[PDB]
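Single chain ahead, written as structure tokens, the form solved without this ligand.
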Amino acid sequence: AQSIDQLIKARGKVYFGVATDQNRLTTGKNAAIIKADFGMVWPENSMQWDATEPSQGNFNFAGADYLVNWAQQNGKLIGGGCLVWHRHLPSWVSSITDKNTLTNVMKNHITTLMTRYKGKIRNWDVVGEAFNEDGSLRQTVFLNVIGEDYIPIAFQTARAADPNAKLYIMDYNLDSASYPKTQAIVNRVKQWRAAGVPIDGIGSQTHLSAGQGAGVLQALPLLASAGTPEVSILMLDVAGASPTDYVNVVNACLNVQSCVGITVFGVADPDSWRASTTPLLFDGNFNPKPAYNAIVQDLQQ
């Protein structure tokens, strides 16, 4: 009926995005739906560490080149990531035990990937899932080996590789303003920017269960109080796909001036890691769901 991407742009936002990759675009109706209803794409796997650098100093961009090219041929924006995070990390990186070696390896990984597509990517997720639930920093190899300074180093290196890209930190379970994790990332991002770390945005990996949409109305403005130029809703998916939960997340972005857009975790329910919860906006027939139509109604003039 109508494209939620074109409709959110009519409300002053930048995009309504979706995660995908080569294996999704070559089968089913994925390519047709993304072309019609979305305006930005994110790689699920093709830009993770294990896919781009399975051996030290030896890079590959088979899947990444495919998605970037497809986006350009079809007029879609591109987001990249995740550059520094403990998931999809080859064991050869986690086995490094000394500060300088891991720092140089981390810097070389950031620079190589961002340099390849310099000027073509809007968002780069530079650091992901860096916080524990209590607000302390996750004890990853980067924190244990390099120390707390690895987050400053990552962002400063990314800014030099492509000053045109918006540099994001992202994390999950930032969906309630009363959650210690939400308050912690706000405090640290404020201190980091005052220390010269160029963090452009905060991305909330909004993986919700039924009824958790309302809490985002007050959690998102709290995230925006960190002073970053931008914030965004990343990897959105809701168990049950209730129209009310989805509309609440859309209203949150509409009420936060610094919120630039929303990105969903996928297209069709059967292609989700938790597909048995039917958490996306398209069913097993690749047809719109009630939540999709509710977003359309919420975004019309």
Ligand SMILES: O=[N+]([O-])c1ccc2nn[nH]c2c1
Second form
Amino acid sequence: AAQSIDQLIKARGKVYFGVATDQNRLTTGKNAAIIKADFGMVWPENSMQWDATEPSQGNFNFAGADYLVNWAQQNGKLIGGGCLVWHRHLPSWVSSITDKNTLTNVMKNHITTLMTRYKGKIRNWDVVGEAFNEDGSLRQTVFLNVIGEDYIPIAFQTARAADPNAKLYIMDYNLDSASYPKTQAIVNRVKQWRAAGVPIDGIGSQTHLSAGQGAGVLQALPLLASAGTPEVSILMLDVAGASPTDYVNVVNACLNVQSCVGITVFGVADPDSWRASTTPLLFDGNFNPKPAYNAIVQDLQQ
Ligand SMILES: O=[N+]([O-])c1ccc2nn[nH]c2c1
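Counterpart to the form solved without this ligand, namely the form deposited with this ligand bound:
Following is the full complex, with the preceding chain placed first.
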């Protein structure tokens, strides 16, 4: 039987090798079996996003998120949650809010309700996602436009109050190159926020790579770590082509960075990827471990 990359990465001092999933993955294919055997943390693919959890103001949908949380607890898995404040999965009703006080309270209520429901059960909460433009300026989302840049500090202070046990993360993508301005920009702003006591515990890099981009993460992840958060993480990892070299490079970036607590892949098997044509995950369409998985196993040998 294949070795567990979660157990192997733990044996090297890390916290987890995780995977995104949800109810209908756990009831189909071989996902439940693979997650039970080989992964140590689960994230909700969709079921904790805003459009899934608060489809109208103050009215929440927790059946799907509850299923995942329960399954994780039944199978001794750590749980990540998110994203609490993210423009991409925002219902239209949030986008129409124009009053600063209203959106602030709406955003706080969304954060507090989700985090309170799972209080003490969630290791990591991704509180703010994709807040940056590619040039490193702040993305002009409804939260920035209506609340202003204080929405990020407010989001994290609210999260800390709701569940002090959780590690609070900001996440973004295209943080994979140390020379890309987005990567330095998130570092700059997180240093500034943490100097102001904002409880940003982690930076999570949503790592969607093209073939050959794994090597650059060996420099970009330490740069993210230079922001001084207690933790950084690789999130939503997938790699077009799934070359062993790309994946092992990302893993060794994690191993190289003392503050990097672990890695989360963006699904179990290729056909369930949002870019399945690029066969970018660690298991194929027959749920067989791919060369990249075996290479991670060998790279993590002690
Ligand atoms: O690391 N992930 O795969 C993952 C999936 C969904 C999320 N929502 N917020 N953060 C997330 C991370």
